[PDB]
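Given as structure tokens, the chain that follows is alone and in the form deposited without this ligand.
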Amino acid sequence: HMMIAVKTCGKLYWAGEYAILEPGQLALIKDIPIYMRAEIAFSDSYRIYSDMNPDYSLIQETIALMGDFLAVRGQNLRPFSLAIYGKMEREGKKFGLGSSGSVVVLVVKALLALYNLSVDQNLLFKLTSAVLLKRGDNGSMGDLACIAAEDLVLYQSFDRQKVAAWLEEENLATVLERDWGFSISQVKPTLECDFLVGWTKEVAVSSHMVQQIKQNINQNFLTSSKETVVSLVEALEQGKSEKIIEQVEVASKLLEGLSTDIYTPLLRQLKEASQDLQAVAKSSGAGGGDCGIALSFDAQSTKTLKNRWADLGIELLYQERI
């Protein structure tokens, strides 16, 4: 009488923001080892637990979709109990690590496990994206790609409207079989450097400011953005530190050109602190707040980036030896 335990990580974009909303575009997304956890087991009635928070309807919709998928697999959903917790859970959506996306993947991994199923990256991405698509969501779905793979990944988006229409016209089994047109592949840098996440403690851009920004998206942006991602990836696999630094800067500038709202006073500051250091920093996500990222290429630059961030009131959220 043992319950099953699963975990889901978070994610942060490295490049491709906004451009990724256009089908066929590319994005570089990093997985963060700050986990959301759940325990699951069959019981007398259906129950969702929290230690004596996440979107309740989101969890319910995921469970419903999973009941459909299990039905297709010749199995039936029965009363079970799900408990959700973990650092990601303790403090809602502060960080901007994709809480909402991590819950969907979490519930899906939980139910699949309870039913002795272990699907591949793409199917897990399809099941999770499906819930959001049925929900009307139109984001790129890059977060789920990164979270379903738990690797630094190169993501090529797909047309959501298309697949979303499929889900209201065809039966789940039919949609899951088709080709959505997305691509998820791991990226392995061949250099050793420090990756730092600086949290500005600021709320991210809202819906109005978001729409306004994408409305600024135009062909030069998409074309240059896609090229930059290709170069950053090459630079990472080829390991040219001076090359990674240039492209990240290019990417950062391509964003400032899209809208001055992405970069806020603290974010600029988070970025400026990279000056004259063998490192590079940049905004990550919808922008307007949340986190900023940095890659440092020597112990000295790293120590100085940290001290500068602390003095600026920027909280070191995470650190990893790429």
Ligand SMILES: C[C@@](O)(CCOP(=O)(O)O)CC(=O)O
Contents of the next structure:
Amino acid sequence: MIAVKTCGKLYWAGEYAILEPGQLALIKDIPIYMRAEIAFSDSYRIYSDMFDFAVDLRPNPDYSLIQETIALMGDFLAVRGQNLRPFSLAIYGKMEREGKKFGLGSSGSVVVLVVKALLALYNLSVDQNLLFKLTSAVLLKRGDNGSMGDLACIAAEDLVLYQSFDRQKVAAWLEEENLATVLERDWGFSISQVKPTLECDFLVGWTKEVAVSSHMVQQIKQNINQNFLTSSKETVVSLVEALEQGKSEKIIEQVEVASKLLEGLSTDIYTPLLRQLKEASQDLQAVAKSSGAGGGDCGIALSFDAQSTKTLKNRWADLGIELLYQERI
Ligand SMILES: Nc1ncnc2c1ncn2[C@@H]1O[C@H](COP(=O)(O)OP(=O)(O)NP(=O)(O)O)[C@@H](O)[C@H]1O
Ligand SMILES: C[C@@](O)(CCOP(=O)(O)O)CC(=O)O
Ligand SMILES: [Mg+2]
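What's the form deposited with this ligand bound like, now that we've got the form deposited without this ligand?
Following is the full complex, with the preceding chain placed first.
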């Protein structure tokens, strides 16, 4: 057996705006892993601990995302002169607790995970951009309403500055042209590392209220206007520059602008608990905001001194917020 793993992700800035082609988002990798075990066998067997039953390749709704990923990979392997053969695949480490997902991008992680598993099983490797394209193709083919930012971050497993591409356009290419031709074209996206140059604690507060990404996007996308898109893009650029220049005060400023833009976009993004999560940092050398589609899941914080981190943690503790993850940037 060969084992592989994929991380999770959490947006720092650029949410919603990133849905429009050419926009920017700053996305952070989270080392909480989805894991897989794969080996050739005499029949196809696929099991994910998110469910209480296994399936083979015959279509099943619970497993459709995984099966569609395998199907796309069957085509990729063909391009590379390889034929799909029966294998047993086990997926575990579901990014949920007590039946509730954390909000770490499990959908995107499992697609990258399965692509990684089949590549490893077939002794093949692909670079970062190709991995992103292969995993993105799966979501594009099923008409996903996401920006693919989660795939960009998980593929890179780093804090990345992601520039979105036109998903409707690439999906059209995939429906009309052979996969190799589509993969070889420049899609027009960008994924690059952002390395902060100052010390700081990164905290993740889980509100334990599940928020469905596709539902949030479906209802809030109509609220997106140009003023928001322009402001968001500038804010992501300024935040990246602040992190790279190591200026705490400018980071606090831009994260606050990002948060206010989200609040203005929709009253559904900030739930009372997500709002309390960011309010807990208002008088500290730290800053916080909702992360992702909002409507539940997690909030993130960046703290610039020991005292601020201690107080922020105590406040979140008293607020019923679970400290899901913490890291010294
Ligand atoms: N571990 C898994 N095993 C099998 N399928 C999964 C798994 N994780 C996610 N999926 C599929 O992805 C769907 C939605 O992803 P989910 O993890 O629920 O939230 P999400 O779409 O990632 N939103 P967010 O987690 O906030 O980025 C699930 O309903 C399944 O279809
Ligand atoms: C709202 C959105 O911009 C980010 C969603 O973030 P998350 O999947 O809730 O962590 C949607 C997307 O970009 O796919
Ligand atoms: Mg979410």
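Throughout, rigid core stands for the largest set of C-alpha atoms superposing within 1.5 Å between the two forms. Residue numbers count along the first chain shown, from 1.
Quick check for you: superpose on the rigid core, then look between these two forms for a C-alpha move of 2 Å or more. Which of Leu191, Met209, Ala113, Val72 is it? Of all the options, the C-alpha that shifts by at least 2 Å belongs to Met209.
Once both forms sit on the same rigid core, is the C-alpha displacement of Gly181 at or above 2 Å between these two forms? After core superposition, the C-alpha of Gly181 moves less than 2 Å between these two forms.
With both forms fit on the core, has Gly239 moved 2 Å or more by CA between these two forms? It does not, since the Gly239 C-alpha is displaced less than 2 Å between these two forms after the core fit.
Can we say the CA of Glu89 moves by at least 2 Å between these two forms when the core is superposed? Yes: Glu89 shifts by at least 2 Å between these two forms.
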